[PDB]
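Trainee: Read off the chains here:
There are 2 protein chains.
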Amino acid sequence: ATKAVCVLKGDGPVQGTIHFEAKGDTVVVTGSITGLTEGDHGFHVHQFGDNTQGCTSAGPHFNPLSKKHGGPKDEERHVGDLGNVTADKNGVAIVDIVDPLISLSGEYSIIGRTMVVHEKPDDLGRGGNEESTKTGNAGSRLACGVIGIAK
Amino acid sequence: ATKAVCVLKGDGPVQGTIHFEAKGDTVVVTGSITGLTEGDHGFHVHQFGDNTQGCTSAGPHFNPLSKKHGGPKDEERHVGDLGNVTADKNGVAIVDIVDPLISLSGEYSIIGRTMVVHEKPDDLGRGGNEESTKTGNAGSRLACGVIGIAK
Ligand SMILES: [Cu+2]
Ligand SMILES: [Cu+2]
Ligand SMILES: [Zn+2]
Ligand SMILES: [Zn+2]
Numbered sequence: 001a002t003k004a005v006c007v008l009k010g011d012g013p014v015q016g017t018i019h020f021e022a023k024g025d026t027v028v029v030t031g032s033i034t035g036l037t038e039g040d041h042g043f044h045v046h047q048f049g050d051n052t053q054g055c056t057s058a059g060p061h062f063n064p065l066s067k068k069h070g071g072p073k074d075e076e077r078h079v080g081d082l083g084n085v086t087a088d089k090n091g092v093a094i095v096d097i098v099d100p101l102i103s104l105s106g107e108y109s110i111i112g113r114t115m116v117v118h119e120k121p122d123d124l125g126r127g128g129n130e131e132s133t134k135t136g137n138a139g140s141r142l143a144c145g146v147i148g149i150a151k
Numbered sequence: 001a002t003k004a005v006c007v008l009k010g011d012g013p014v015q016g017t018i019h020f021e022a023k024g025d026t027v028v029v030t031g032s033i034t035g036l037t038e039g040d041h042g043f044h045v046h047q048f049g050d051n052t053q054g055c056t057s058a059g060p061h062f063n064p065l066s067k068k069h070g071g072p073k074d075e076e077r078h079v080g081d082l083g084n085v086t087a088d089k090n091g092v093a094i095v096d097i098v099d100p101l102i103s104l105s106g107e108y109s110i111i112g113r114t115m116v117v118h119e120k121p122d123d124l125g126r127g128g129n130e131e132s133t134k135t136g137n138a139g140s141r142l143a144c145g146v147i148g149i150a151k
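For the record, the sequence lines run as chains O and Y.
So that you can map any letter, position 5 of the first sequence is 5 in the deposited numbering, and since no number is skipped, the others follow by simple counting.
So that you can map any letter, position 149 of the second sequence is 149 in the deposited numbering, and since no number is skipped, the others follow by simple counting.
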């Protein structure tokens, strides 16, 4: 608990460092991401901290509340979803988010979990068809990292 | 926290994959490691999570009860002490340990911290003096992984 970090790496040029700090009931997520394609991209916490098959072994979005996929904002959201980060350039940006949903407090604690940044934007809470409604239509994950304590 | 994995990456050619199964009020740690040397290698859970700047960043052996360094077997040792991993002739280490002190469970939980392998042996807190008592001497890093939650 309290104060955690995650370093985003991949087989592509995408890298970043994200920090997470509990500020009571909420988690403040900050950081930089670089080496991207300009615009918004899918930013989620994927159920496992497994790097045995790269960013694939992470699996789906952490949803301990069996639900569907949305934005940070929808009630109908996946604990694991934090929406989209926006890049500009270089092909960098912006991580500052405050979440009432995720944690590190157990049963909804996001540590030992993987942080992924996808290669396309999230349809967030609304839009698509099947893969929208539990995925984002974000797609190819180019960087991921297991979330670990810090202090 | 009923299962975990760690992917031992290092900045040398050193590497392995270790598995943790909460099978009792005992955690059974399994795996292999390649890259090594011969010999016993220090094998320890360093209190922290990100390698945001290498194996350096992991800090010191997780010691919640501010005690001194020792061996697995011991009553005066860090939760982080798992001892040594002996190597071969070439390439491999075989890890087979059960530990009464770690867990994934909560508290003394090792999910989110770092699994490190050191050059040289851990001479279990007493062989030596001042640093033994700490580090174990068991010498230097170069493969570490953030322990994460496993399917
Ligand atoms: Cu995702
Ligand atoms: Cu150590
Ligand atoms: Zn989702
Ligand atoms: Zn120690």
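Hints may be right or wrong, so weigh each one.
It does not matter which identical chain is used: a pair holds within one copy or between any two.
As the list claims (entries may be wrong) - Derived pair list, reagent style DSBU-like, types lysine-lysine, alpha-carbon separation capped at 35 angstroms:
1) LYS134 x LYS120
2) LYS89 x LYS151
3) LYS73 x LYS23
4) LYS73 x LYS120
5) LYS89 x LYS120
6) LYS151 x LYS23
7) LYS134 x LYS67
FYI, nobody ran anything at the bench for these hints, they're computed from the structure.
Trainee: Which constraints among the numbered hints does this structure fail? Numbers only, ascending.
Mentor: none
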